[PDB]
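Using the hints, position chains E, V, P, Y and R against chain G.
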Amino acid sequence: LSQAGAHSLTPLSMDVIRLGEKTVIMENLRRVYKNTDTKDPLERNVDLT
Amino acid sequence: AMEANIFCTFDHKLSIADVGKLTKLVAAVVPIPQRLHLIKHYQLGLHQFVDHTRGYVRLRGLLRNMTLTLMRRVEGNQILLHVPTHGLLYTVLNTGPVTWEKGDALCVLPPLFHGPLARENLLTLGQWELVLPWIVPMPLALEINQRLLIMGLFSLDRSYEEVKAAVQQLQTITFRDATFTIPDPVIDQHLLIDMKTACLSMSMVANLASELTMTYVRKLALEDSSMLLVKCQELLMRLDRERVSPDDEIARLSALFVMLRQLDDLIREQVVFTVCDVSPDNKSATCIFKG
Amino acid sequence: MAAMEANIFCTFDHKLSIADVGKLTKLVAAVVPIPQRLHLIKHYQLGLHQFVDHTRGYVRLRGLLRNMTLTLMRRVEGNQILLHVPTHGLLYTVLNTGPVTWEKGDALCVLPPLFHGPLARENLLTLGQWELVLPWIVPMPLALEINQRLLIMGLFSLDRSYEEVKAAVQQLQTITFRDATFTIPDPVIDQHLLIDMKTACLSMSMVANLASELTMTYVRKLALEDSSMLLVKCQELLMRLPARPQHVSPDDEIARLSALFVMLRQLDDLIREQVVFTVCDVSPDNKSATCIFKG
Amino acid sequence: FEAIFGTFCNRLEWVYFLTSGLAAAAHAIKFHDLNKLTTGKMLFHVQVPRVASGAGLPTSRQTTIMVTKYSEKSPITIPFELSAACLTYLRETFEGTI
Amino acid sequence: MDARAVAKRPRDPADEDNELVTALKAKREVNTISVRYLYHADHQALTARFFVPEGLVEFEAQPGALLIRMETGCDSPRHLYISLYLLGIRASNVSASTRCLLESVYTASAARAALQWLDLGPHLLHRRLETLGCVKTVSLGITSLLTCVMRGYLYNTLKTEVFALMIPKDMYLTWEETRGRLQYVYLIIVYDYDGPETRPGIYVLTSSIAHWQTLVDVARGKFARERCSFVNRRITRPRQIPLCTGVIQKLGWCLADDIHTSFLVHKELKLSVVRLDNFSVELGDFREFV
Amino acid sequence: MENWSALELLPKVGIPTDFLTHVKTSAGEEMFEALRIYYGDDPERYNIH
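Protein chains in written order, with the entry's author numbering: chain G, 344 to 392; chain E, 3 to 245, 259 to 306; chain V, 1 to 241, 253 to 306; chain P, 50 to 147; chain Y, 1 to 290; chain R, 1 to 49.
Only chain G is shown next, with the shape it has when bound in the complex:
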């Protein structure tokens, strides 16, 4: 599976945080759900009893 990956690469700008001396990506998904007719999976709810 590791050898199946394409070797092509391109830059793209991103926001990142450095925690635990480890990089972590930040990324909104608002652009891919705005003006569409399905609920965003990240926005959910809890039923406390």
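Take these hints with a grain of salt, some might be off.
Under the rule of at most 25 Å between Cα atoms (straight-line distance), these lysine-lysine pairs were calculated in the DSS-like manner [to be verified]:
1) 233/E to 198/V
2) 233/E to 222/Y
3) 377/G to 24/R
4) 104/V to 42/E
5) 166/E to 221/V
6) 198/V to 169/Y
The calculated label-pair distances, taken between Cβ atoms and stated as ranges, are [as the list claims (entries may be wrong)]:
7) 179/E to 189/V: 55 to 65 Å
8) 386/G to 88/V: 48 to 58 Å
9) 37/Y to 112/P: 49 to 59 Å
If you are wondering where the hints come from, they were derived from the structure by calculation, not from laboratory data. In this text, a Cβ means the ideal position worked out from N, Cα and C, and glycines have one as well.
Relative to the frame of chain G, chains E, V, P, Y and R by itself:
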């Protein structure tokens, strides 16, 4: 490579509001008197057949000989008409008051009304008018004629208002998601001549059955081994419970069969469509064709 | 196995005369029923002729013919024939071997032949002590009455003198419908009629039971006020013998009618036949016409 | 007169899962014959290290353990209709009128 | 108009490019979606999806089974769908051993309610039912979905496999020792009228006969007993009018030679069934007979 | 009732848009006066006359 389509041309000039009045009726059954290639708009619809004294039953029969045809496309001048081919699917407008659902055995019936409607509006040239027949589901289509025939049997006696209370019940069939009020075929107490014939078409048959059966059952009873005929005479002898030249028998039997051929128009009903998917809000639904 | 072939080749083994090879060219595009449904049927199975019998039961031919698959004649050539079976609902042309003037817009049904009278029988086409027999195509009003006349002939034959039956068979065997005269070959009584008379005699009784009291009475009551030609001519056939209805129950009455329609279809169908054609625009020659609903 | 102005049409904001940062959690790989396959699997071979025991205590076995890890299909499909009038106007062409 | 234009051979759609290709060809744009071959491009068969409750998906999950709409006087659902096999718990024709057997599998919050709707009123079952066709490729969702075949052969997509119709052995019967090279299939409801209750009597009846007149005549031999029950119910019960001894209607046709016995398998509960093979669908309107 | 059919055939400028609460809802609250919605391709746009 385009599919064949009948052409049709209106004569009276149309305003742009009128040609747009017709584009709202893309899919729509349109009876055609004969499979002519050209056709005047006067031939379209049942409106050329419209009559006063002639009854609904006359529309019930001539419509069976009409060639149903969808309006595949609407433009200026010429109007296309796509005759269905058996076994292909065809989208059709739900002009019928009944809501459609999956798998209905739709069959055409002439349009009806109960006085003024919320929207009688249709395409209207001078004097000329269009009439698009209902596409009722089959089980209701039996219920229509079963009411229309019984209502004329009481037409001889409108004088008893207690009978009218039964006519008021038959007048308003109540299929689900519908509130019909079937018009009385009778007008000013007098019957239509088509109604007078349809009532004669049945009552004459039942009268001959009461007496003609008494003879032929006798000779045919002993020969039968199934015995089912032997008990048929029992109800006939109990049908008496209430209170001749050989040539006369031939003319008497001869009427009994020919009247049923006249009555057959009201009995068996061809199905013209069977539903598949239904569009939202039931504006229309596709239906595979079936002659 | 392959689905039964739409294309069927029939090849004679007997020698064909030059006079007869052109007889089939005039026969092109006509109903030629077959039974076995082979891809290469022999002509001995071709035609109705194999079903003939010394009884000559015309009612017997009426039933056995319906089981045979219909075919359309096509592509005459040198000692080769190509029958074809149209799929249901498609339109194709059909020549009329019979002598009847077809109308536009009427349904048609296959029927066993009825000899015209003179029975000149054309060249009839024969070989090997065998003759081709193609059943006639007829309009519905002729197709309907031809069955009821066979049935009423069997009712009068019962319960009456055999010499009296001949007086009724004579007037009934003739048919003057649509200009041309017709006559029924050997209308022999048969067990096939005995079951046909059975379903009619069964319907003859139950419809009297299913009929509503307001239904059978209605014709006798209409004469009290209305008068018309149809009311008088029909009233004479009936036996010689205001007021309230005894009861009016709309739910009970609508139920009586719905059952009554079923026995009518049980009774009407015996004079009905499986419609096959729905002709549109007949050709001016009246030697050919287009057809739909074939099969 | 009424005054119609310029016409407008919104353009969609193009997006790609390969460009999105959620792909850092993904490892996408095309495979044209994927419809033919039933279910994938990934066998894992494991042998745990052991420590020497003291006197009077049971000793650890040379333990070995293996597991299988399958896969989950998630098919997706999107309808879109095209009018039959668009079909008859797509390839058929009458006179070259404007 | 040109004489060469009528000399041209009739068009072959396969030689022509798909319309999705012709549009891309002019702008020479390349979409990621495949365009070279539209699927379901060549199917005379027509289909429509039928959402179903998940308590009836069993046995229907096997391709090839009859489906019928069952109209309900309730406004929701107005038309619960019914399996041909689930229908047999009510039919008297099914063997008492088989009836107790399969019924344990079909029990559900939904399917058990369907049996109650056959007892709600006097009206006969044939009025309440309407044949739909047969399933191919079940979706098997939490809300079950089925691709019924309105007409034509049952088969897997791309013609990779031809699904066969499945019919229970308890309902199947043969009218003749000599099967023809072709024979039509007929679903046929029958009613053996009786005092306390009029039981349904379902039967599947393949036959070489096709004409309606010849078919009903031979039908009266096997069913003469139920025919005797009909008139018997009339004479016993004045002011009572039962109707229709039964209903015949066309269902399709089969090659006859392909027929052979088979069996369904589910929940370690095998059930032997007749197995029609290349059953092209040809639905027919109900035709009552007395 | 404006002639919507002309808008579906006449060339149009491509303007990206940003607005709250989704176009299906903002037109579901009738923020605009005249408006029209439909599913799928519109046959009516092809009926030039």
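Each hint, compared with the structure:
This hinted pair checks out: residue 233/E and residue 198/V have alpha carbons roughly 14 Å apart, not beyond 25 Å. Between the alpha carbons of residue 233/E and residue 222/Y the distance comes to roughly 20 Å, so the proposed pair stays at or under 25 Å and holds. Among the hinted pairs, residue 377/G with residue 24/R is consistent with the structure: their alpha-carbon atoms are about 11 Å apart, no more than 25 Å. Note on residue 104/V and residue 42/E: the hinted pairing holds, with a Cα-Cα distance of about 19 Å set against a maximum of 25 Å.
Restraint check: the Cα-Cα separation between residue 166/E and residue 221/V comes to about 18 Å, which is no more than 25 Å; the hinted pair holds. For the suggested pair residue 198/V and residue 169/Y, the alpha carbons sit about 33 Å apart, so the restraint of at most 25 Å is broken. Taking the beta carbon of each, residue 179/E and residue 189/V are about 56 Å apart, inside 55 to 65 Å as hinted. The hint said 48 to 58 Å for the Cβ distance between residue 386/G and residue 88/V, and at roughly 56 Å that hint holds.
Separated by about 54 Å at the C-beta atoms, residue 37/Y and residue 112/P satisfy the suggested range of 49 to 59 Å.
In the structure shown, a violation is registered for the earlier hint numbered 6 alone.
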